[PDB]
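Here we start with a single chain on its own, the form deposited without 5'-S-phosphono-5'-thioguanosine, put down as structure tokens.
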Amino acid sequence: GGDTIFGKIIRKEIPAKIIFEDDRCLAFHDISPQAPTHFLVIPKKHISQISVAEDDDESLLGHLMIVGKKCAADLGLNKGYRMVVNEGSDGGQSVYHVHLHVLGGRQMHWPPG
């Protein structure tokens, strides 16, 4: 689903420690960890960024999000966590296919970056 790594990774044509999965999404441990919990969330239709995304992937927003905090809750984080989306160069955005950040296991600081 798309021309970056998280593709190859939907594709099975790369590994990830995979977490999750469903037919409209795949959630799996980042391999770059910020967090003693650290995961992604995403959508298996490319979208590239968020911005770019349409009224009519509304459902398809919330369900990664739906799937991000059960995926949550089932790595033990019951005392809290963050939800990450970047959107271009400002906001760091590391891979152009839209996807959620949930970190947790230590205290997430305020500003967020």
Second form
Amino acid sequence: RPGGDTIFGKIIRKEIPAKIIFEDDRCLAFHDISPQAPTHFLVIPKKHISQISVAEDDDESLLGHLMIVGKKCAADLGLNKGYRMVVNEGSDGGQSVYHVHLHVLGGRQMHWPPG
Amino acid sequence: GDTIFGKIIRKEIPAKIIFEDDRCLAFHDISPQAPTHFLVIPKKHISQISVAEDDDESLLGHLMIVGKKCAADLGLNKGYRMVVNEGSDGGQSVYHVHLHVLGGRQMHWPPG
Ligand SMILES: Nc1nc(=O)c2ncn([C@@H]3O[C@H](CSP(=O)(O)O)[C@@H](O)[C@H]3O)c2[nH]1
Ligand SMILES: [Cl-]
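Would you mind generating the form deposited with 5'-S-phosphono-5'-thioguanosine bound now that we have the form deposited without 5'-S-phosphono-5'-thioguanosine?
And the full complex, kicking off with our chain again.
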């Protein structure tokens, strides 16, 4: 079972349903089940990386691809006033699923500080 | 249009620089929102993530790898939050792409 057995690994393998926005050979974008903004989705690699703190130097293009896919999906979803991208690392970051993921939130004014 | 981050890259105004290479610069935010709050910015003037090109993919990932390495060097062993703001709803404060890295305290949900 490639991608691991976190919830996100199971979503990658179509074993648990998700509302998918975009999929390619590197990543998957799908809506967050507990949205914190009118639009709130996740972009995740298909390769399993537990957290950003352990990503390898060779993961650079993949991590950048998450952001490129994130911004393309945001435009496809009509987030013309903007959005916020978030990666949570570890306990202080609030991380609750140990498979790297980028949040994209929009459709309302986001506030500062970002949590 | 040039921005204050362009001036910082060109060393025309001071900033507390954490790391630099040939393609990016990391420095502490002048208005910190956490005990550790720094930025990683590309030297290439990409005004906002929404206009980043496909060929910029590796560079954007480089900002995150540099960010996570700087976070480790700054002692953020309990974690941190990375943020990119786009546009008015995103609260983007400077129209030069920048990755925020925040830690040294519990970050909360929602993230703004
Ligand atoms: N679509 C979806 N299906 C799930 O079965 C699930 N399970 C968690 N999630 C979201 O992933 C983030 C983890 S918290 P983090 O590690 O990003 O801090 C939170 O926004 C959840 O609502 C999920 N989303
Ligand atoms: Cl900003």
